[PDB]
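Visitor: Residues per chain are reported as follows:
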Amino acid sequence: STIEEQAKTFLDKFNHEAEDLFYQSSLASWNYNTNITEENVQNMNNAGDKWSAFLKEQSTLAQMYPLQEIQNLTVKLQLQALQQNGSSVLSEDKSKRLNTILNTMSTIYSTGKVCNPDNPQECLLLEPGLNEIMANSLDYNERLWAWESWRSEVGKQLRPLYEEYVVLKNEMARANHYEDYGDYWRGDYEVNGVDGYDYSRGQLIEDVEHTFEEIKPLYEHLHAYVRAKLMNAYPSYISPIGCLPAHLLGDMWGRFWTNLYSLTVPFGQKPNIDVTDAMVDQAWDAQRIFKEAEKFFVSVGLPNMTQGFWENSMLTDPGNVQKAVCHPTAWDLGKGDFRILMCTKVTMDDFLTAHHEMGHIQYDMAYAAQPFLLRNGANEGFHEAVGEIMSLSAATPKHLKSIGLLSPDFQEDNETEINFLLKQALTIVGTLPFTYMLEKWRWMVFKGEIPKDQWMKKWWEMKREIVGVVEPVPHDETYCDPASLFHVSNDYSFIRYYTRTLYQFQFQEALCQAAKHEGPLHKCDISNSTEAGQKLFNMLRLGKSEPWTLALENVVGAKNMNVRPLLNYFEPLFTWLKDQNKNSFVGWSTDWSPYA
Amino acid sequence: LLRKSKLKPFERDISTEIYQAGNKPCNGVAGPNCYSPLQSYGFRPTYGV
Ligand SMILES: *[C@@H]1O[C@H](CO)[C@@H](O[C@@H]2O[C@H](CO)[C@@H](O[C@@H]3O[C@H](CO[C@H]4O[C@H](CO)[C@@H](O)[C@H](O)[C@@H]4O)[C@@H](O)[C@H](O[C@H]4O[C@H](CO)[C@@H](O)[C@H](O)[C@@H]4O)[C@@H]3O)[C@H](O)[C@H]2NC(C)=O)[C@H](O)[C@H]1NC(C)=O
Ligand SMILES: *[C@@H]1O[C@H](CO)[C@@H](O[C@@H]2O[C@H](CO)[C@@H](O[C@@H]3O[C@H](CO)[C@@H](O)[C@H](O)[C@@H]3O)[C@H](O)[C@H]2NC(C)=O)[C@H](O)[C@H]1NC(C)=O
Ligand SMILES: *[C@@H]1O[C@H](CO)[C@@H](O[C@@H]2O[C@H](CO)[C@@H](O)[C@H](O)[C@H]2NC(C)=O)[C@H](O)[C@H]1NC(C)=O
Ligand SMILES: *[C@@H]1O[C@H](CO)[C@@H](O[C@@H]2O[C@H](CO)[C@@H](O)[C@H](O)[C@H]2NC(C)=O)[C@H](O)[C@H]1NC(C)=O
Ligand SMILES: *[C@@H]1O[C@H](CO)[C@@H](O)[C@H](O)[C@H]1NC(C)=O
Ligand SMILES: *[C@@H]1O[C@H](CO)[C@@H](O)[C@H](O)[C@H]1NC(C)=O
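Protein chains in written order, with the authors' numbering: chain D, 19 to 614; chain A, 455 to 503.
Hints in this document: simulated from the structure, not taken from any laboratory. The reader is advised that the hints may include incorrect statements.
Stated by the list, open to error - Cross-link-like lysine-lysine pairs, in silico, DSS-like; alpha carbons within 30 Å at most:
| no. | chain 1 | residue 1 | chain 2 | residue 2 |
| --- | --- | --- | --- | --- |
| 1 | D | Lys441 | D | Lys541 |
| 2 | D | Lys288 | D | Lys247 |
| 3 | A | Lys478 | D | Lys31 |
| 4 | D | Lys465 | D | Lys441 |
| 5 | D | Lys26 | A | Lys478 |
| 6 | D | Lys31 | A | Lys458 |
| 7 | A | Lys458 | D | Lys94 |
| 8 | D | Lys353 | A | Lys478 |
| 9 | A | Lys458 | D | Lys313 |
| 10 | D | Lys553 | D | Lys309 |
| 11 | A | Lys462 | D | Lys31 |
| 12 | D | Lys313 | D | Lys353 |
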């Protein structure tokens, strides 16, 4: 008779009404994603259109039942989730125009044409090609040519559209009750109605800057070391003191510094830990490694998954007779259906990614009891930290030796630990400044503190200082340097990777504290304790039922993100690097202008 | 799935109507603040156990 009962009835009808349509759309998408053909595209399009129409109709219907009338907090969360997604508060000739802009941006990103040094025969694409060239090619001229050409292609082509796109997005943000697009994106990390656990949208920036200022010294020491390594690798191009060339380091965008391991390996005379050679001796296959990962998951104290997963999985290349996009995904179709789509080639990285995907599958299985609107997990950093901690705790020499792939003779030495820690740090800590700088620049652009005529210079000014790299070729307001990235042109938030790392390490430490294990936590072997499994499972089966602060307190005992576990993990590398830089200055000089 | 007066033991009620969840008269089409009972099931061979 009251408002609360009406809301409860509406929600309990809505869940059962929407489950079928969501299942149909997901099944159509999965069917397309392995048997690519035009009819599958049409099926996906019509199913998604029906799902979107139903969602928008339900969102329009749910406008009643004012939120201050409803007292139950879960009903408030469900109503807010229903009201937010599917909202279309915008005038005509703008929504369709925005959709056209977005799909044109996606198409132009998916089709890049450099066409070699004026060679009509071949026009390289972002498939194995120019990116593969930047992966491994010791040639300054070729790297510089590709580096400038790619941005010249996706520069003035995409530069004018970004201004009107951000203008329209800010107009939409003004239309609904918000501040701007930056505030709209930051609103995900929000808690209200609960004391001691309420988290606003203003403390996130303060926490991020505090964590970055705490992180800085280790990153700057690693930067000095890699500068010296590049200096004895690349002669006459690296300034004694200053920044680094952008195109030389790592990948195309410099996000991951993984490809510098060979040029920066310290005392790497000893054989690598990788066990991809021994796999052929036992004639391993995808089924074997997936079963081993399932056995590890069971030994942790968690159930193994249903026979339907084994029946409907796609854990092998279908062959030339089928058209399938090969990329590891973990689909949860609903109604008790879970399946992984991934090709395997019997290699160590495949062995790690099997565990990485199985972690997500188990997390999806865990929270399948909450209502539909709260089935998705907590703050989006959790869903990657839970999948990354298990990959972290599965590549240790102890676990490999226990499994049997490692020979029971390779003892551990200081140099092997140093090599492993540097290999980890080349990808774990390297991306933090890049993500921080990109997200900060996007936030300033969204807020409007940077005038349009001041673009393309303050961005590089941030690059010359925060990260410590310098453009090799001067750039003006005709190019859009932060536009060649996949996520910029596809309208995806980027802070999810800054909070992914910290959280993850925290979890690991807490888990490695549940199972009594001495020594450095960088070699932890959580594979037999049942207390750690209970600690993880007591938080896994929650979804969006409690604020993420409460879950964080449940798992580790803290109240917010902290950076101490990461430095605890990387302390030996910090000490060795400090002992190594006995004759090299640490820092950079922004005044250096090699391009002149 | 939507009916008051929980069934007494061993009784069957084949009576499709329009649920009056709300405070307004409701005749024919449910529409807003009004629902229809007897939701379906759905069944596929790939459904989970
Ligand atoms: C309410 O509305 C919001 C926004 O509209 C929805 O938020 C979306 O949530 C989904 C679910 O996480 C997000 O999907 C994620 O996309 C990431 C980006 O991947 C893109 O790029 C890759 C290539 O690199 C493509 O293959 C891919 O198709 C995407 O185009 C993925 O990386 C994420 O995958 C993660 O999990 C899987 C396991 O499932 C891992 O295997 C992956 O490695 C990865 O860790 C994920 O798929 C989506 O981006 C969100 N939208 C936005 C705008 O951010 C809400 O879901 C919605 N609420 C509902 C529907 O209830
Ligand atoms: C806000 O609304 C939700 C939804 O109704 C409330 O959660 C509900 O809590 C009751 C218990 O108070 C649950 O009842 C349970 O039913 C099972 C049926 O087998 C029974 O075995 C249990 O012993 C219990 O009686 C009910 O299931 C649960 N609803 C859902 C969807 O899980 C919640 O309590 C409300 N908030 C507050 C503060 O009360
Ligand atoms: C891939 O898609 C094609 C095209 O739909 C499928 O071929 C159809 O298969 C069904 C039976 O499942 C037949 O009724 C159709 O006549 C077929 N059409 C054509 C054009 O061949 C094919 O079976 C799919 N392969 C899968 C799902 O593995
Ligand atoms: C976790 O449990 C597994 C299963 O008992 C242990 O694996 C055994 O290790 C011993 C030592 O070499 C072998 O003799 C057994 O054959 C292994 N069992 C199986 C089923 O292969 C593993 O050592 C345990 N890990 C820890 C850290 O206690
Ligand atoms: C995991 O699979 C094995 C083999 O089928 C089975 O014996 C075991 O009970 C399974 N684990 C759980 C928790 O059901
Ligand atoms: C590591 O151990 C080796 C001997 O195993 C020792 O010589 C060295 O001083 C230690 N410390 C390092 C390499 O920083």
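Visitor: Look at each hint and say if it fits the structure.
Guide: Hint-by-hint comparison with the structure:
The hinted pair formed by D/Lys441 and D/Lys541 meets the criterion: a straight-line CA distance of about 14 Å does not exceed 30 Å. At roughly 19 Å between alpha-carbon atoms, D/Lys288 and D/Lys247 fall within 30 Å of each other, so this suggested pair holds. Note on A/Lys478 and D/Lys31: the hinted pairing holds, with a Cα-Cα distance of about 19 Å set against a maximum of 30 Å. Of the pairs offered as hints, the one joining D/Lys465 and D/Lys441 is violated, with about 38 Å between alpha carbons and a cut-off of 30 Å exceeded.
Between the alpha carbons of D/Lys26 and A/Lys478 the distance comes to roughly 18 Å, so the proposed pair stays at or under 30 Å and holds. For the suggested pair D/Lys31 and A/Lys458, the alpha carbons sit about 15 Å apart, so the restraint of at most 30 Å is met. Of the supplied pair hints, the one linking A/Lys458 and D/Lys94 holds, its CA atoms being roughly 25 Å apart against a limit of 30 Å. Between D/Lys353 and A/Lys478 the CA atoms are separated by roughly 36 Å; this puts the pair beyond 30 Å, and the hint is violated.
Distance check on the hinted pair: A/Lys458 and D/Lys313 sit about 49 Å apart at the alpha-carbon level, beyond 30 Å; violated. In summary, the hint linking D/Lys553 to D/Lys309 is supported, as the alpha carbons are separated by about 24 Å, within the 30 Å threshold. Using a Cα cut-off of 30 Å, the hinted pair A/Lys462 and D/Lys31 holds, with the two alpha carbons roughly 24 Å apart. A distance of roughly 25 Å separates the Cα atoms of D/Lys313 and D/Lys353; the hinted pair therefore holds under the 30 Å criterion.
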